[PDB]
Each structure stands twice: as C-alpha cells, then as structure tokens.
Amino acid sequence: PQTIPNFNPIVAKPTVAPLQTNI
Amino acid sequence: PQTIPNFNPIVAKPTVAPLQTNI
Amino acid sequence: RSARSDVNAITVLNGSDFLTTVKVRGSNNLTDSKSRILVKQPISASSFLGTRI
Amino acid sequence: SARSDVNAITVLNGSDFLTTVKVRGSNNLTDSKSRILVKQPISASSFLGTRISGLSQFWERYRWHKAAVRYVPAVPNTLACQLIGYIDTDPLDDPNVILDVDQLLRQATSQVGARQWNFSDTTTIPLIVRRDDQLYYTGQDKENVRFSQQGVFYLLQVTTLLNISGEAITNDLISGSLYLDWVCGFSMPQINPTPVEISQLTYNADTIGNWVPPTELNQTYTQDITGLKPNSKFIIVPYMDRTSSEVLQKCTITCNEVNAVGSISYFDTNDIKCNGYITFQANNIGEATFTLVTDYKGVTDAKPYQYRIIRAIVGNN
Amino acid sequence: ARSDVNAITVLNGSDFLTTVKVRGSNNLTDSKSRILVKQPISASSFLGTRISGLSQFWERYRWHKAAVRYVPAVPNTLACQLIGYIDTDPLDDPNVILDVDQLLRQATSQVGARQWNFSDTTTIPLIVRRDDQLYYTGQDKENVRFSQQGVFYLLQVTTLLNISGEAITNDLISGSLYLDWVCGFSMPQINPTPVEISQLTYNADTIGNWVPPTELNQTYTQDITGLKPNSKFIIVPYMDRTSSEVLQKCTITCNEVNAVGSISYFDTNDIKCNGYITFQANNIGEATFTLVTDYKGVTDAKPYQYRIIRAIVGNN
Amino acid sequence: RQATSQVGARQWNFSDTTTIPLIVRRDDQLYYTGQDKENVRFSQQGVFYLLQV
Amino acid sequence: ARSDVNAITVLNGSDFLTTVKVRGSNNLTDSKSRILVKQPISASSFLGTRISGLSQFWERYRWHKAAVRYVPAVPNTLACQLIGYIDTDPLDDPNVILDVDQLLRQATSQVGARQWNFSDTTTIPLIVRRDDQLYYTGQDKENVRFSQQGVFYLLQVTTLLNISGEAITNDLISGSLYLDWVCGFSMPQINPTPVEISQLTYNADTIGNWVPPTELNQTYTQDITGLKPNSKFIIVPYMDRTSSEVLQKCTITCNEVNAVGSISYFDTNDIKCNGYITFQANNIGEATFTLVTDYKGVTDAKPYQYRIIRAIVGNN
Amino acid sequence: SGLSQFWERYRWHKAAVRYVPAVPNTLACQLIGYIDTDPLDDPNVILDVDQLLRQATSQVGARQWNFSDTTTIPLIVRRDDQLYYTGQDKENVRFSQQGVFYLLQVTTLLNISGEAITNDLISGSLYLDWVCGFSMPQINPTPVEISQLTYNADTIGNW
Amino acid sequence: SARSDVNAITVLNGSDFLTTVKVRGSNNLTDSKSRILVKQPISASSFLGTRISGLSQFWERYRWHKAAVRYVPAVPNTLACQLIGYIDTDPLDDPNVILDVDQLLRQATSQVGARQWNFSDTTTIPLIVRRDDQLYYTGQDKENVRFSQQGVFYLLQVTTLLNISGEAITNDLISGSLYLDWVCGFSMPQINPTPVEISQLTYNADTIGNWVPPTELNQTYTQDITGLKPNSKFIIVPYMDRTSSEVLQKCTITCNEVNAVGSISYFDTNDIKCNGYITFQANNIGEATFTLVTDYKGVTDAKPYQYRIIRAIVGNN
Amino acid sequence: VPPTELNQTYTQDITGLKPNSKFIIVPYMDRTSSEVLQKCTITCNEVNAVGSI
Ligand SMILES: [Ca+2]
Ligand SMILES: [Ca+2]
Ligand SMILES: [Ca+2]
Ligand SMILES: [Ca+2]
Ligand SMILES: [Ca+2]
Ligand SMILES: [Ca+2]
Ligand SMILES: [Ca+2]
Ligand SMILES: [Ca+2]
Ligand SMILES: [Ca+2]
Ligand SMILES: [Ca+2]
Ligand SMILES: [Ca+2]
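Residue numbers (the numbering used here), protein chains in the order written: chain A, 6 to 28; chain B, 6 to 28; chain C, 6 to 58; chain D, 4 to 320; chain E, 18 to 333; chain F, 12 to 64; chain G, 18 to 333; chain H, 3 to 161; chain I, 4 to 320; chain J, 166 to 218.
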C-alpha cells in the first residue's frame with residue numbers, strides 16, 4: 006500500500022573459478 | 006507512472022468577514 | 006558478482022509547501038529602484054530547506 | 004460485586020482551557036525564537052484545574068483518541084497578523100536550534116496536521132494518532148519524555164502585528180485563547196503524587212551548598228547549580244557560619260533570565276551584613292546559572308560562603 | 018470533538034476513610050460516647066481519596082455496590098463487640114437517644130447492618146434506594162438530603178476485656194476502615210473550591226526585629242502579629258548590623274503541630290547565623306517564641322532581624 | 012476553566028451569534044414553581060452565567 | 018533442527034523473594050521508615066530464584082497472572098496492620114510524600130491492593146496493562162519503564178501492640194514473601210553478566226611474611242595489601258626456616274561476614290603448623306589480623322610465612 | 003538514511019545481511035555474526051572469550067561460516083507492533099533502534115600451509131537487503147553544533 | 004489461576020556452542036587413544052553458559068526429540084585429514100579398551116547415525132531416539148550414567164594431517180568447532196544444586212588424610228586417594244603436627260597425568276621445611292595416584308605425614 | 166594611560182572590539198624612566214578571567 010516499486014534493488018549472481026579446465 | 010500519491014498536499018478554503026451581521 | 010538495475014524510471018510527485026513571508030517597504034526605506042524588489046527566491050527543487058522536496 | 008480487581012478502559016469527553024496567547028510586537032521581536040511564543044505539551048497531567056489534569060492524577064495511562072485545539076479570537080478584524088500551529092508527535096524533535104526564520108516555518112507546513120490562519124478568525128488544529136496501541140504514562144516528565152507526552156503544540160508567528168494606521172504596535176497584545184476539546188481513554192486506577200493537594204505543603208530545607216571562591220582579588224565570575232528538578236520555582240537565602248579579618252565583601256546577583264526579585268550580598272567587617280533573596284525557575288534541563296561580584300583583597304580565602312534553597316511542595320511546581 | 022452529550026460513566030475503586038479507636042472504662046459514660054465515629058458516606062466528603070478529588074468533576078452521583086470493610090490491628094486476646102450500620106436518612110441522629118438499649122436496637126434493625134468482634138474483619142454494605150434519584154455533589158451547603166446517600170455509624174457494645182477477663186481503662190486504637198465503591202456520575206463540570214491565587218509567588222519582603230533585654234539571662238515569650246489567621250510559614254535569620262561582644266542566642270518555638278527546626282546566633286571572630294523553624298499560626302494572627310539569652314553584653318547592642326516568607330498559593 | 016468544562020458551554024467574540032443549550036438531567040425530577048423562599052434546588056433547573064475573559 | 022522461529026513459551030513456577038521485619042516504636046519516625054521494603058517485581062531482579070536465572074535466556078517478558086503471598090512467622094498475640102500494593106509506574110516513589118495520611122491513601126487506591134494484619138496470610142495480585150507491550154530483560158541499565166512491569170511496597174499502619182495492649186520497641190521479623198507467576202517470554206538469546214574467567218584456576222603462588230615483635234607479649238593489627246577490592250580468600254600456614262626456641266602463636270581474624278577458622282604455630286621437638294582462616298576483603302585491598310605472641314624468644318628469630326590462594330573464577 | 007528523515011517512525015518488515023567474500027578458499031577463520039535486539043546490553047563488557055562466543059549463537063537468527071563463502075543473517079521481528087523513531091539517538095537507544103549487527107572472530111587466521119598470519123587485513127563486504135514501513139509525514143531537523151574557542155597558554159618557553 | 008500445581012511438557016529450541024576440536028599431529032599421535040580426541044557426553048547439564056546447561060538446572064527431566072551436531076571448518080581446503088563421529092546411546096559401552104586401530108573405526112561405522120567427512124567441510128551428525136517413552140534426569144552424573152546421559156559424542160581421527168608440501172605437521176591445530184542445534188522437552192520444575200552460582204563459594208577444608216610411611220630407608224613408592232568426586236579440580240597443601248630427631252626427609256611429586264603445577268616436600272631437621280602445592284583433576288572413577296620420594300634413615304617411623312585437600316564450590320567443577 | 170597619583174585603584178576602559186568574541190591580551194615594553202615602576206592590572210569581565218599581568 007502506497008509503495009513505490011523498485012526503489013534501490015540489487016541482484017547477485019554466483020559463479021566458480023576452477024583450477025584447470027583441461028579441455 | 007511510478008508516482009506515490011498524496012505526498013504533501015494542501016487545501017485552502019476562503020471565507021469572509023463582514024462589518025455587521027444585523028440579525 | 007553484485008549489480009543493480011540499469012533502469013532509469015521517472016517518478017512523479019505532487020504537493021505544496023511554504024516559500025517565504027514577504028515584507029513591504031514604506032517611505033524611509035523606499036529611496037531607489039533597488040529597494041523595490043522585496044523577494045527573489047529561486048524555484049529549483051533543491052533551493053528550499055525544510056520542505057521534504 | 005465489589006472489589007473487582009480488574010483493569011478497564013474508561014473513555015471520557017470534555018472541553019478545557021489552555022492559556023491565553025501573547026502576541027509579540029516590535030521591541031520583543033528580533034530573532035527566530037521570538038516568532039515562537041508558546042511551547043506547550045499536549046499531555047494530560049500538564050495543566051492546573053482543567054478537568055483533564057486533575058482527572059489524570061487518578062488513573063495512570065492515557066491515549067488521545069481524537070483531540071483538537073480550538074482557537075477563538077479576542078480582536079477586531081481590522082488588525083493584521085498571521086500565525087500557524089502544529090502538533091509534533093516527537094517531543095524531543097526541538098525547533099529550538101533553527102536560526103533562519105524561513106526554515107523554521109517550512110518545517111511546520113510539513114507535519115501532517117498543520118494549519119494557518121489570521122489571528123482574527125478561528126480554526127481547529129487536530130492531533131494525529133500513531134498507528135500503534137501505545138499507552139502513555141501520566142504525571143510529570145521525569146527522565147525521558149517519549150513515554151509521557153503524546154504531542155507538543157507549537158504555535159508561532161509569521162508577520163508583525165499592526166494597527167489600522169499601519170503603525171506597528173510596540174508592546175504585547177492578547178490575541179485570544181485556546182480551549183482543547185478532547186476524548187481520551189484511561190486504563191489503570193492509582194494516584195500519582197506529583198500534583199499534591201493544598202494543606203500538605205512542608206517547606207523543605209535540607210540542601211546546603213557553597214559558593215566557589217575566587218582566585219584573584221577583583222572578579223565577577225559565574226557559577227551554576229545542578230541536581231535540581233527540570234522545572235520549579237525556588238528561592239534562595241544566605242547562610243553564613245564562618246569568620247573573617249579585614250573585609251571579605253561579595254555581592255551575588257540574580258540569574259540571567261526573566262525571573263528576578265532582588266539582590267544578595269556578603270560583607271564581614273565590623274559593619275557586618277548578610278541578607279538578600281532571589282526567586283527563579285530552573286531551566287528545562289534542571290540547573291541554574293548565577294553571576295557574582297567579588298571585590299575583596301584577601302587571596303587565601305579557604306572559606307566558601309554557604310547558601311540555601313527552599314521550595315513549597317504544593318503541586319507540579 | 019464537541020458532543021454536548023450527557024452520559025453516566027460507571028467507575029470503580031477502593032479508598033481509605035480513617036482509623037478507629039475504642040473507648041475504655043473511663044471514657045465510657047453514656048450514649049454520646051457509646052458512638053465513636055460519625056462519618057458521612059458521600060463522594061465529596063474526604064481529603065483526597067480518589068473520590069473526593071474525582072467527585073469534583075461531576076455534579077451528580079449514585080452509588081451501586083458500595084461496601085465498607087473493617088480491618089483490625091489487635092490480637093485475639095482482646096474483645097469488645099461493635100456493630101455498624103449505614104443509615105440513609107442523614108438527619109437521623111442517634112445522639113438524641115439516651116438509653117443505651119434502644120441505641121443498640123435502632124442500629125441492627127437497619128438492613129445493611131453487621132455485628133462483629135473487633136479482632137476480625139467484616140464487610141458492611143450500602144442498600145440503594147429504589148427510585149432514580151441522583152445526589153448532588155459539593156460540600157453540604159445548607160441541606161443534606163440532596164448530597165448524602167448515607168452516613169456511617171460505629172458503636173461499642175459492652176466494654177473491653179483482657180486475657181483474665183477484666184475491663185481495661187486506657188484508650189486504644191483498634192483498626193481501620195476502608196471502602197469499595199461502584200458509582201455512576203453524570204454531567205461533567207467543576208464544583209468550586211475557594212482559591213485566591215492559583216500559582217506560586219513568594220512574599221519575601223516582610224521584616225521584623227527581636228528585642229534582647231537589658232538582663233544577663235532570662236527566657237521570654239516574644240510574640241508576632243500581622244499575619245494570616247491560619248497558615249504555614251518559615252523563618253530565616255539574617256543580620257545587617259555590627260557588634261564586638263560575645264553574643265549568643267539559640268531560640269526555639271512553642272507549638273504542637275509543627276516545631277521542627279532550630280535557630281542560632283553568634284557574633285564574634287567566628288559567626289553562626291544558621292537555622293530555620295516552620296510553624297502553624299493559631300487563629301489569632303499570633304505565634305509564641307522563646308529566647309535563650311546566654312550573652313554577656315548586658316547592654317542592649319542592637320536587636321536582631323528575622324523574616325517570614327509567605328507562599329502565595331491557593332490558601333497559604 | 013470551570014466555566015468551559017461544563018458540557019454545554021460556548022465561546023465567542025461578542026460581535027457574532029451563538030446558542031448556549033440547556034443539558035437535561037437523566038432522571039425525571041419535576042421542579043416546583045413560584046418564588047423560592049426555601050432551598051433553591053427544588054424551584055430551579057439551571058442558572059445562566061456569562062463571563063468576560 | 019534449525020528453525021529461525023520466534024515463539025512465546027508460557028511458563029509457570031513459584032519463588033522466594035525475601036523476609037520481612039516490622040519497625041517498633043523507636044525506629045518509627047516518619048514516612049521514610051513507614052515503608053520497610055521497596056523491592057522491584059521484574060524477572061531478572063533476584064539472586065537465583067528460577068526466574069532471575071531463567072529470565073537470562075530471553076530478552077522480553079510479560080506477566081500474565083502473577084501474585085504475591087505473605088506467610089507469617091508470628092503468633093496471634095501481636096498485631097500491626099500492614100498493606101501492600103504493586104504499582105506499575107516504577108518511577109512513582111512514595112518517599113517523596115511526607116504526611117503519613119496521604120502515604121497510606123495512594124496505596125490502597127491502587128487496584129491490586131490488599132490490607133491485612135500480619136498474623137495471617139494474604140495474596141496480592143498483579144494487574145496487567147491492556148496493550149501488547151513487552152518488557153526487556155537484563156539489569157536496569159539507565160531507564161526503568163522498559164524493564165519493570167511493577168514494584169512492590171509493604172507499609173506499616175499503626176504501631177505494634179501486645180497481649181495487654183502496649184507498643185513494644187524492639188525490631189522484629191514477622192514473615193516472608195513468596196511469589197507465584199505465569200509469564201510469557203520471547204526471543205531466545207543470552208543477556209551478558211560480567212565474567213572474566215569461565216573455568217577454575219588456582220593462584221597458588223602468592224607469598225608474604227608476618228613480623229613478630231621484639232616484645233615478650235603483645236597483640237597487633239597486622240594488615241595485608243595487594244589484593245582485589247572484594248573477594249574470597251583462604252590462608253594456609255607453612256614454614257621453610259629453622260629455630261631452636263619455644264615459639265607459639267595462635268592468631269585469629271577480625272571480620273564479621275567470614276571469620277570461620279583458626280591458626281596455630283609451635284616450633285620445638287614437637288611441631289604444630291595447622292589451621293585455616295577464610296575471609297572477605299573490604300573494598301580497600303585490606304584485611305585485619307590479630308596476633309597472640311605467647312613466645313619466650315623475645316629476640317626476633319625469623320618471621321613466619323603465609324600464602325593466599327585466589328581462585329580465578331567468574332569473579333573470585 | 004536521508005529519506006528516513008522525512009518520517010518520524012519506522013519498522014523493518016524484513017531484513018537480511020549478505021556476506022560478499024573477497025578471498026579464495028586458501029584462508030580460514032570461522033567468524034560468527036548475529037543481530038541482537040536489546041541494543042543496550044552489549045558484548046564489550048565481557049572480559050573472557052569462551053563466553054563471548056556462546057551468547058552469539060544462542061541468539062535465534064545467528065549463522066556461522068568460514069569467511070570464503072556466502073551466508074544470510076536475518077533480522078528476527080518482534081511479536082508486538084512497536085514503531086521505532088527516526089533520527090540520531092540523543093536519548094535512550096531502545097526507541098530509535100531495532101537491532102545491532104555484531105560480527106565476531108572465533109579462530110585465528112591460517113594460511114595455505116597451516117601457520118598463523120601476523121598482520122590484519124580486510125576480507126569482504128556486507129550488504130543489507132531490507133524492507134521497511136514509515137508512518138508519519140514530517141521533517142526532522144539537522145543537528146548543527148559548534149564548540150567555542152579555547153586559548154591554551156600553559157607552556158613556558160626557552161631560547 | 005496461579006499456583007497451578009501441575010506438570011507439563013515444555014518444548015524448546017535453540018542453538019549452542021560446544022568446544023573447539025584440537026587435531027593431533029605427529030608428536031602426540033602414537034596409540035589408539037590418540038585417534039580419539041574428544042569424549043564428550045550429549046546430555047543437557049553438561050556445559051557452561053550454553054542456554055541448554057543453564058536452562059536445565061531449572062527443570063528435572065528431558066528428552067532430545069531431535070538433535071544434531073553441526074561441524075564448521077576453520078581451515079583451508081589445501082589441508083588433508085579425515086575424521087568420523089558417532090553418538091552411542093549406551094554411555095557405558097566404552098571404546099577405551101580397544102587396542103588395534105582398525106577395530107576402533109569399524110565399530111563406528113556400525114552405529115546407526117555415523118558420518119564421515121574431511122575436516123575442511125561441514126555435515127550434521129544426528130542423534131537417534133530410542134523407541135520408548137523414557138525420560139532422563141538432568142544434573143551431574145552421580146552413581147550410574149544410564150539415567151542421565153542420552154548419548155555420547157565420540158569424534159575420532161583416521162589419518163594424520165599435513166601441509167601443502169606433504170610435510171606432516173608436528174604440533175596440534177584447531178580444525179573448527181561444534182554447535183549442536185537442538186529441540187528438547189522438559190517436565191518437572193525444580194532446581195538442581197550441583198551447578199551453583201557465583202557469590203556462594205565457600206572453600207571447604209575438613210578432609211585430613213595421612214601419607215602411608217615406608218618400610219625401608221630409601222624408596223620411591225606410590226599411593227592413591229579414594230572417596231573423591233568423579234571429576235573436579237582440587238589442590239593439596241601440606242599439614243604437619245609431629246616431631247622428629249634426625250632428618251625425616253621426603254619429597255612427594257605430582258600425580259602422573261597432565262595437570263601439574265609444582266612440587267611438595269617434607270624435611271624435619273633444624274633447617275626444617277614444609278611447603279608446596281599440587282593441582283589436579285581426579286579421574287573419572289573418582290580417585291588419584293601420587294608418587295613419593297623418601298630418603299630418610301629412621302625405620303621406626305610411627306608418624307605418617309598429614310596432608311589436606313580443598314576445593315571451590317562454584318559449579319559442577 | 167596611568168594616573169597622576171602615587172597609589173590609586175585606577176579604572177581603565179577599552180574600545181574598538183566586537184559585540185562578542187574571544188580576545189586575549191599580552192604585555193610588552195619599549196623604554197624606561199629609571200625608577201621603581203610596578204603595576205598588577207586586573208580585569209572586570211562579565212564571564213571569567215584566567216590570570217593577570
Ligand atoms: Ca517532527
Ligand atoms: Ca524525530
Ligand atoms: Ca434511619
Ligand atoms: Ca429518617
Ligand atoms: Ca455542585
Ligand atoms: Ca407552589
Ligand atoms: Ca502509581
Ligand atoms: Ca506514575
Ligand atoms: Ca541480546
Ligand atoms: Ca537484553
Ligand atoms: Ca554402542
């Protein structure tokens with residue numbers, strides 16, 4: 006009620022970082 | 006669009022002030 | 006990795022507020038043409054102080 | 004049956020009488036703090052003989068369901084001024100600290116129940132109710148005010164008044180009064196003692212301090228006294244149980260505020276003298292500030308003059 | 018908001034009336050002393066009991082379920098039967114009756130009467146009339162049947178006894194009376210109470226003198242006039258004079274209700290001008306004080322100074 | 012402040028009109044006629060007081 | 018399992034507050050002594066009563082059906098009316114009042130007030146406010162209206178009496194106060210309590226000496242310093258020296274709270290070095306001990322040895 | 003925290019505090035974090051270490067984690083409906099605050115090889131994903147303060 | 004109303020903090036009993052200041068509805084070891100007596116709630132609930148343990164830790180901690196006294212034994228003291244009320260376990276001596292074992308040296 | 166300006182200051198007259214004073 010939307014949102018997305026791909 | 010209502014409204018109502026009523 | 010919205014959205018607002026109390030010159034203080042303005046007050050939204058806008 | 008042993012809300016209604024206003028003229032109006040003329044809380048136990056202050060020393064809690072402050076003029080329409088009022092529900096948000104006059108007024112037409120009107124007509128300033136179930140305590144404001152006071156009525160002047168011939172009036176002037184119709188609900192039966200009743204005054208006298216001595220010969224330094232109540236009306240008298248050789252003269256004067264009745268002195272040669280009395284009301288934080296005038300020659304004083312405070316326990320005081 | 022409406026506002030509470038003392042053999046002669054407390058039961062007939070301050074803000078009352086307790090302050094090793102009845106014609110006065118038999122007999126015939134020994138407790142009720150009559154509020158101006166639903170009498174059937182069964186003679190405090198009410202008010206207003214100033218102001222200008230004698234040592238009854246009939250005051254000493262002799266005075270008051278204080282005087286290389294006395298004034302404009310007069314300066318040096326300070330309040 | 016705590020009181024400057032009502036009791040007492048010559052609470056139902064503040 | 022949920026957890030119990038002693042004629046002067054116990058009613062205001070240890074593991078409480086008993090320890094042959102009321106504005110302080118009449122009259126006007134003689138028992142209740150306010154838990158940091166639903170006052174209406182109706186003068190213990198609660202907590206956590214070590218460790222290294230005099234026989238006030246402000250300790254004697262004379266000392270402590278112990282010394286063909294004293298230390302880093310000095314070796318042989326042992330615990 | 007000065011009262015309907023690390027998994031320290039709702043009883047008064055860490059997890063919304071992965075420490079709302087005031091405290095604090103985020107350090111640092119690091123460092127950052135509800139429109143002041151002059155002549159010189 | 008006089012189950016929840024683990028290296032790891040590193044019961048009144056031990060001195064009985072022991076690492080993944088944990092619901096089935104290391108581990112992956120995990124990750128060891136309605140008592144373990152303890156958490160090490168360069172670490176190392184989320188239900192309101200509160204310590208001293216004398220001249224025999232509590236932290240001091248002629252020297256030394264602070268001696272020639280103090284914790288069966296060093300020449304001793312024990316009553320101890 | 170008298174508690178005024186400001190004074194001399202000169206001036210300020218010259 007009486008609420009402006011999307012004032013100051015944030016979105017986070019993780020990933021990884023392996024030691025070798027070894028294609 | 007993206008507009009909160011009734012943030013800081015003001016309403017004014019006039020009147021008068023005669024010199025005599027003479028009921 | 007953090008991030009926030011790349012969205013530039015307009016928001017519209019309504020209301021009123023208080024600006025000044027105007028004083029009026031007489032005969033001793035009314036000499037030249039510069040003592041005939043009695044308020045100049047900008048109209049930018051950020052010029053006031055104590056208005057919620 | 005009797006001896007219920009139960010707590011129940013008791014809703015009541017009435018109308019009351021606050022104090023008359025006093026508009027400032029020209030010789031009493033040069034600052035932001037002159038535009039503000041009545042700083043008056045809107046609790047229950049904050050008056051004398053109103054049917055809401057006397058009626059609240061018999062319960063313990065309250066909540067204004069709906070209140071309204073009503074202005075009534077006592078002037079003709081041919082006079083010209085303009086004043087606004089607002090009820091802040093945060094009694095420790097103080098406008099005592101704003102300097103520029105325009106900011107002082109813009110923060111009044113921001114509160115959600117403010118009005119504006121000439122001092123020749125009438126209008127009701129309502130109170131606004133928080134969205135909770137909170138119950139505020141009665142009685143004097145003891146340690147923190149956010150328990151006791153549900154609002155604070157700030158009325159403040161915009162313009163400067165003036166007659167029909169345009170000549171701005173120099174002195175003060177009574178511009179009507181304020182009445183406060185109300186509806187409130189009390190909960191817990193008890194008696195608060197702070198508004199004691201007449202025929203019980205005692206005139207306590209057990210607090211004996213001592214004035215600090217100077218270090219040099221001629222001096223007019225100052226001194227402050229802490230530990231007193233946040234608001235009262237006291238009187239001082241001298242008190243002396245010491246000796247002297249040459250002169251040891253001194254003349255304290257009243258504190259630097261409105262209330263002042265006389266002077267007081269100390270002088271201890273053969274033409275000895277010890278007399279005086281000052282009346283005053285302690286500031287809201289609960290202290291006072293005097294100023295001294297010492298003009299003796301001895302430096303090894305080693306005998307701070309004593310004094311006394313006494314007060315009548317008759318009401319909130 | 019304004020309503021202009023009138024309602025009832027039933028309330029509840031409990032109160033403290035007074036204490037009670039029983040008559041011994043010596044003080045007991047006939048019916049006038051047989052009774053020992055004649056205390057009205059109205060709303061505005063107490064000194065600050067939550068109803069004599071709360072039945073100031075309405076004109077009309079009507080009890081519903083009042084009741085009066087008795088709580089003892091004595092052991093089981095003493096006994097004196099006593100009774101209690103709330104009469105409702107307040108002009109009925111048992112003092113007219115002279116035979117003790119009929120005095121004890123128009124008392125328990127009342128409906129809400131109880132009879133008990135003063136070593137245990139008992140609740141006396143209030144029996145409310147049938148019609149819709151509402152009793153005014155205020156003091157008793159001229160007539161009483163408008164402003165009292167009831168009075169309260171407490172009697173003393175045969176004299177005290179002891180562990181070995183003998184009547185003692187000394188007076189004795191026994192217990193205390195309480196009250197548990199439920200009443201319905203009406204018509205918001207304020208009844209007046211005489212008040213000439215409603216805010217503090219100190220009368221710190223009055224001045225006087227105390228005459229010392231031409232005698233080495235003697236006590237007097239130095240009196241003061243020009244005061245109110247009955248009031249509170251407080252004296253503070255001071256001095257604006259000179260002297261070079263061994264003077265000494267440690268005067269004291271002569272009063273019974275309030276004599277809490279002391280005064281001193283001493284005038285040489287060491288000084289003492291401390292003290293305060295606070296007192297009540299009998300209904301003459303009068304007050305008695307006594308001196309000490311232990312000084313060696315037989316010759317009259319100069320009389321000292323004193324000052325009252327009247328607090329201008331509701332009435333002193 | 013004992014003149015306005017009454018439940019049917021009004022306040023006004025003396026250049027306009029008003030109406031001060033009479034607030035009837037809850038019971039049904041009937042008051043007697045004639046000049047009082049007695050206690051007054053039989054022969055009167057109210058008293059109009061007008062003040063000057 | 019983890020829940021991350023908050024609930025109420027209504028509980029029940031009964032507790033012991035303290036004991037009660039009534040004032041006699043001599044100790045009774047005015048309103049300050051008229052009151053005799055001013056004991057708050059909060060959850061965390063006791064020394065281990067199952068709520069001052071159990072209202073350590075939640076932040077917020079709210080009583081439901083509390084009540085306070087009085088249990089006597091006196092016969093029916095004594096009487097002193099006393100009253101009791103649980104006030105709910107904990108900043109209301111009856112010590113301000115000076116007239117005893119109004120002091121007894123703001124007490125029974127409270128809802129949960131009871132009035133009784135101290136030869137029998139009575140239950141005083143707790144009247145809970147209307148709104149949903151929850152009171153914090155912990156000690157009273159700076160303000161009190163967050164952390165006390167109520168205080169408890171116990172007064173003394175007119176003085177004691179005896180079998181023959183006379184006021185006695187000596188102080189007297191009368192009874193004891195108990196409590197029967199039902200409360201609803203919330204928000205599991207722990208409030209802190211200052212604790213610098215949480216596990217036992219003995220400080221068995223401190224060492225000192227006692228000087229004997231060059232006099233045949235005299236008692237002294239040998240003092241010790243370098244200790245904590247207030248703590249518990251215990252002394253043990255020992256000796257790592259030599260001597261060939263008839264020595265003898267049987268010293269003793271000078272304390273009031275803890276002086277349970279004895280010490281001995283004897284150094285010849287037979288030996289005695291037994292004993293222990295345990296004591297409290299006043300808030301100076303100080304402790305007083307007295308010697309006996311019944312030895313014949315007037316010449317100073319060598320001063321003996323002693324050792325404290327401080328237990329490093331929560332606080333000593 | 004600028005936009006809250008336009009309303010007296012607030013209440014966090016929800017909150018949570020993310021941990022956004024900065025290190026790899028070759029550095030290790032259990033660190034423990036919570037939100038206490040009595041903002042006066044504080045941990046600074048404790049003087050041991052074993053009690054400081056068992057009053058930090060007995061709290062009902064606490065989490066434990068090594069500082070090389072994420073977490074979410076929530077805010078546990080009251081059962082009653084008290085609204086807290088805005089502005090700087092200048093008072094008792096239990097009106098103007100609803101919680102306090104404390105973060106602790108239970109273990110010493112350790113490196114790739116199992117030895118203790120000697121020097122301090124920074125390890126990450128902390129967000130606050132919130133929801134809030136304000137009540138009463140107004141404008142609180144801004145605290146203007148200034149300390150007077152003070153001359154200091156208490157040093158005798160020498161040449 | 005109040006004064007219920009009723010018994011009711013009160014279910015509660017929370018999380019706690021057990022003690023940190025301490026992995027053994029190489030200079031402290033040669034036996035089966037080094038692989039086992041924490042033997043810690045899982046009762047309620049078995050901690051200090053956890054909200055489950057302090058909260059259980061106020062009821063009398065309990066039953067873990069569901070519990071779980073949670074491991075959290077304090078190490079990098081580049082370190083290598085491996086450890087297992089299990090909760091035995093028979094606290095007097097002891098693995099103190101197994102010798103071969105492999106049998107010690109096979110009897111851990113037989114219990115019906117066992118886990119296995121590296122010391123660089125996390126996992127919950129749950130507790131398993133008997134199929135009965137049994138309620139276990141709180142408090143210290145007094146005579147038999149099958150009333151009080153509902154389980155025993157045995158964590159035990161398989162491998163030997165090592166750095167990134169493969170070099171096995173020689174010293175100990177902190178490998179995380181244990182937290183114990185729980186849900187339990189208490190029944191009977193009361194107070195157990197065994198966890199007394201601070202400001203009630205008394206320092207009892209009333210137990211006076213005597214050392215047995217030797218039979219020969221030079222000897223270093225031993226002695227044990229029974230009748231003490233199953234677990235505590237005591238201190239001894241000497242106590243001597245006897246006589247002598249020639250030397251009568253003796254030097255007792257601390258018991259043969261971890262705790263030791265100093266030494267103690269006896270020597271009764273002209274250069275007399277009587278001093279010392281030893282600290283220790285009694286073994287789980289409630290006794291201790293000292294060793295002596297006597298080097299005097301008299302044989303007709305007939306005067307056994309006395310000693311003393313004292314302890315602080317502050318908690319379970 | 167000194168007085169024209171041997172000994173006299175001579176008052177002295179100062180002008181050319183602000184309506185409110187924290188000042189401080191320091192002494193110095195630039196000549197003599199070869200006799201016994203001595204002055205120990207003291208202030209009469211309406212707040213406080215640290216010492217004297
Ligand atoms: Ca505001
Ligand atoms: Ca504010
Ligand atoms: Ca009758
Ligand atoms: Ca009749
Ligand atoms: Ca009337
Ligand atoms: Ca007629
Ligand atoms: Ca109260
Ligand atoms: Ca109060
Ligand atoms: Ca906390
Ligand atoms: Ca707390
Ligand atoms: Ca098994």
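These are calculated hints, taken from the structure and not from any lab test.
Here a beta-carbon is modelled for each residue, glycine too, at the ideal position from N, C-alpha and C.
Please note: incorrect hints may appear among the correct ones.
Among chain B residues calculated to face chain A with C-beta under 10 Å, some are [to be verified]: (1) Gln7; (2) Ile9; (3) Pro10; (4) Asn11; (5) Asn13.
Item to check | Structure versus earlier hints, numbers of those that do not hold, lowest first | outcome: 5
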